[PDB]
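Okay, so here's just one chain, in structure tokens, the form deposited without the named molecule.
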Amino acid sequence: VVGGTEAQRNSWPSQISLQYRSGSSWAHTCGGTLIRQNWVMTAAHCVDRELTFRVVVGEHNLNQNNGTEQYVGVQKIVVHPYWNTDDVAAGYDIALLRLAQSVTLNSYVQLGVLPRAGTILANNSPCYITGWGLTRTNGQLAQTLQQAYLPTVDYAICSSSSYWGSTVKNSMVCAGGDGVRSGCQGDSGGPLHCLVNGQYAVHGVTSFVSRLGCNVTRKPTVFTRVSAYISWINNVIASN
């Protein structure tokens, strides 16, 4: 997250860190959202490569033991069947990971609230992006979880020629673009928490930003719109 600030200790309890084994150690690669004790929601492009993954819940500082973490392996990976690694712009950037074991819910670990199917947010709706991603274009990962206010940009404005044009589809959500704050590499797969009726719900899964950079004016971070996949998500967790 570029232009963000350190989130309070475990203040976004559904946020997870997706990591892969690098020889004899582990490295953070993407974010994700705990939606069931044994299911995590993330981006399909985070799990396209055949590596060994593990999920860390209750995480805050990636480089030190905070005494709140739970480390668990990944048993099954279910990518949306229409996902195309070579066309992220085509959408369908979403995947569900069945964990090898159910984590224990507590003060630091809780389930993320999903929106009702078909829910679209009004322009400039209040949302926050969280993640351990790059704190600057071509920079380095954040050691502690970061957060940044990132209001939405409706489809009409976001799909116009002044912003993303036709690269963005209605199955996506745009947020940010103030040229200062945004998602960045490493935040992918993470949540976009939006305030709806007094409650924070995960309306997006971080998908992509501009090739030119992370924080680019009129180039909002683009997220997979969760509300468009509710039926898919339920069908997966009901038959797996």
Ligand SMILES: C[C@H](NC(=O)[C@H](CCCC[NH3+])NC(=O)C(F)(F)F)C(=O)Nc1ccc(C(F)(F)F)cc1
The other form holds:
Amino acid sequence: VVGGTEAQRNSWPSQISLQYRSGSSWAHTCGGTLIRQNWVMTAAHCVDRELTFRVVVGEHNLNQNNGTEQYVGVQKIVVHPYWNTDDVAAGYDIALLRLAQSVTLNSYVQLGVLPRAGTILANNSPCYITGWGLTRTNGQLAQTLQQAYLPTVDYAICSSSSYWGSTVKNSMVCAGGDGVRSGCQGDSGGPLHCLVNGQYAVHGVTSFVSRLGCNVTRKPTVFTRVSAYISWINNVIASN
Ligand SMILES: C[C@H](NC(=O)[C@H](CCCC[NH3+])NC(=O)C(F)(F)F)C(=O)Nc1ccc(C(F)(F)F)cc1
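Could you switch over to the form deposited with the named molecule bound, since the one displayed so far is the form deposited without the named molecule?
The next block holds the full complex; its first chain is the one shown before.
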């Protein structure tokens, strides 16, 4: 996350780190949200390359044992039938991963709360972007989980020629754009947590940023709106 602060260990306990086996060890590639003891939600452009992946639930510092982490394998990857690699602007950036084993829930590992299908947020709704993503444009990954206050930008404003234009679809949530704070490479797939009904629900799956950089004035971070995929999410968990 660009322009972020460190989070406290118990802060966002449905946050996961998607890592791939990079020879001898494992490296962080993306975030995700734990949605079943055995299921994760991430972005489709993260699992595009056929690598060996692992999920780390209950992570905080990437580089240090925190004595709270659960390392689980991915036994099946389910990416949306319409994802097209080459067109992240089309939407459908969402994948579901069935984990090799069911995680143990505690104060550090908990399930992410999903919205009600069809829910659209008012402009400037309070949301937070979480992740291990670069802290500057062409920067390096954070060692600790970062959080940034990224309030939404509604779809009339975000598809303004001034902003992203027609690059953003109504199946996407836009948040930030102040040129200070944003999501960055390595945050992709991760949650956008918005306060609704005194509850934090994961309303985005971080999708992309501006090619000119991560924190650009009038370029907010774009998220896959979760509430548009509720009935696909359910149907996949149900048939597995
Ligand atoms: C450097 C930047 N990377 C990204 O935004 C990638 C998504 C990659 C899809 C490409 N296979 N994701 C992220 O970095 C995330 F952190 F922001 F979520 C970029 O490529 N973004 C980008 C690409 C295309 C368009 C579009 F085609 F829509 F015009 C918009 C943004």
